[PDB]
Structures are given as C-alpha cells and as structure tokens.
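A.B. asks: Following the hints, put chains n and o in place on chain N, whose structure we already have.
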Amino acid sequence: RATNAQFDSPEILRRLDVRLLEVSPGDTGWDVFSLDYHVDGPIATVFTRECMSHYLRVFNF
Amino acid sequence: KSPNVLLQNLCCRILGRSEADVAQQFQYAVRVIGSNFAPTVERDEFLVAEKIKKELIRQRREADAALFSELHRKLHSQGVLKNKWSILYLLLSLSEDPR
Amino acid sequence: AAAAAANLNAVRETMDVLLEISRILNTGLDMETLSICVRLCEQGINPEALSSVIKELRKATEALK
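Residue numbers (the entry's author numbering), protein chains in the order written: chain N, 606 to 666; chain n, 7 to 105; chain o, 11 to 75.
Looking at chain N on its own, in the form it has when it is part of the complex:
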C-alpha cells in the first residue's frame, strides 16, 4: 500500500506472496526470510518446482 507496488497487475501481485524457512535452534532471521513465486497453472512446464529452488538460492545471495 505505501509504495508504488499496489497499482500493478493483480496476477504478479497475487503470485508474489511471502515464505520462510523452517525453524531450528540458533538460526538467523536474515537467512530465513525469502520471497517465493508460486505456480499452480499450466506455466509449470516453463517455471517448474525444481527451478524455484534455483531461484531461492539466487534471491538469498
């Protein structure tokens, strides 16, 4: 709401949703945050769940 992001198309906004990594003793909060683009449609064959893991690594670096 506060930044310009609210005005964009509802598809890429809705598929932008948050995720986190699973809790364990001694973790760091900066590592556990991530953003996940999630796919439910036919577009899976170009953005599949094994490519999402590569993306998580990229976003972390």
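Hints in this document: simulated from the structure, not taken from any laboratory.
Any given hint could turn out to be false.
As the list claims (entries may be wrong) - Examples of chain n residues lying across from chain N (beta carbon under 7 Å, computed):
1) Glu25
2) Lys57
3) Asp103
As the list claims (entries may be wrong) - Estimated spans, in silico, between C-beta atoms of each pair:
4) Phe612/N x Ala72/n: 53 to 61 Å
5) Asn19/o x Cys656/N: 38 to 46 Å
6) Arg606/N x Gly40/n: 22 to 30 Å
7) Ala649/N x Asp26/o: 41 to 49 Å
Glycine included, every Cβ here is placed at the ideal spot set by N, Cα and C.
C.D. replies: Frame of chain N; chains n and o shown alone:
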C-alpha cells in the same frame, strides 16, 4: 523393560553416576517426558532431512552436507528403525555451531 | 540362529550410522547413549520432550560436579 526405567538408563548414560546417588535428574526426566507420549506436530522424515542439509550449509560443513546425503540412504538401507523422524528431529535439536 | 544374528548385525549398523549423523551435527551423545535413544523411539516419543532432558542432563553434570 518399560520406557520409564529405560529413561533412567538415559539418565545413567548422560551423567557419570549411579541411580541411588542422584534422584533429582531422573525426576526431571519423568516430569518433562510425562503426560506426553505422541508427537502433536508435523510428521515427515523428508522435511527434517531438508532441515538437516539447510543447517549444514548454514554452518559451512557443506561437504558434510553431502555426507548426510549418503548417511540418510544408509539409514534407509538397513530399515529397522520404526520412526526415522523422531531421532532426526532429536539430533537436529541438540545441534552445536562450532563453525 | 544365524539370520537371527544377522538382524543383530543390521541393528549395530543403524547405531553406527546414526553416530556419524550425530557427529556431523555435533551433538554430545556417544554410542552407548545413542543405543538408548533408538530404543526409546521404537515405542514412539517426542524428540521435543527428549531434547530438553538431554540439554538439562548435560547442564547438570558440571553443576552437580
């Protein structure tokens, strides 16, 4: 046996003492283990394996993270452990960071 | 028998491979304790409950020292 006296064995194994020398620690064991015998949280061995690899990358023992890829396979190869999840969560819970 | 001791071989193996998993996560459990820890898990038990006991018993061997 029974699990209550088997927990007394654990209390003889961590400490270096007899069971008539200390009765306090076994009372802490029976107070925490008691009125709970069944996990009320998520059950999957696959997720806790993906939480052990994620932890070994965070400690930069990333060659040991490819060792766990073989040790979990060996654990499947014997196949005589009823819950593989409970001991993996237990061993994950006591993890130290020496870096 | 003979195969009834081969199952005893397959349990000592379980116990050793979980000790390799025990050292790479750097827990304090040794082999003898780990043989209690696998026995408890066959009946089914909360690791969330056992970890606090082990993390207290390792904090009560130098405080009862």
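A.B. asks: For each hint, tell me whether it holds in the structure or not.
C.D. replies: Hints versus structure:
no. : hint                           : verdict
1   : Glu25                          : violated, 30 Å
2   : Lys57                          : holds, 6 Å
3   : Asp103                         : holds, 6 Å
4   : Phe612/N x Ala72/n: 53 to 61 Å : violated, 46 Å
5   : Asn19/o x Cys656/N: 38 to 46 Å : holds, 43 Å
6   : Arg606/N x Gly40/n: 22 to 30 Å : violated, 49 Å
7   : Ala649/N x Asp26/o: 41 to 49 Å : holds, 42 Å
Violated hints for the displayed structure, listed by number in ascending order: 1, 4, 6.
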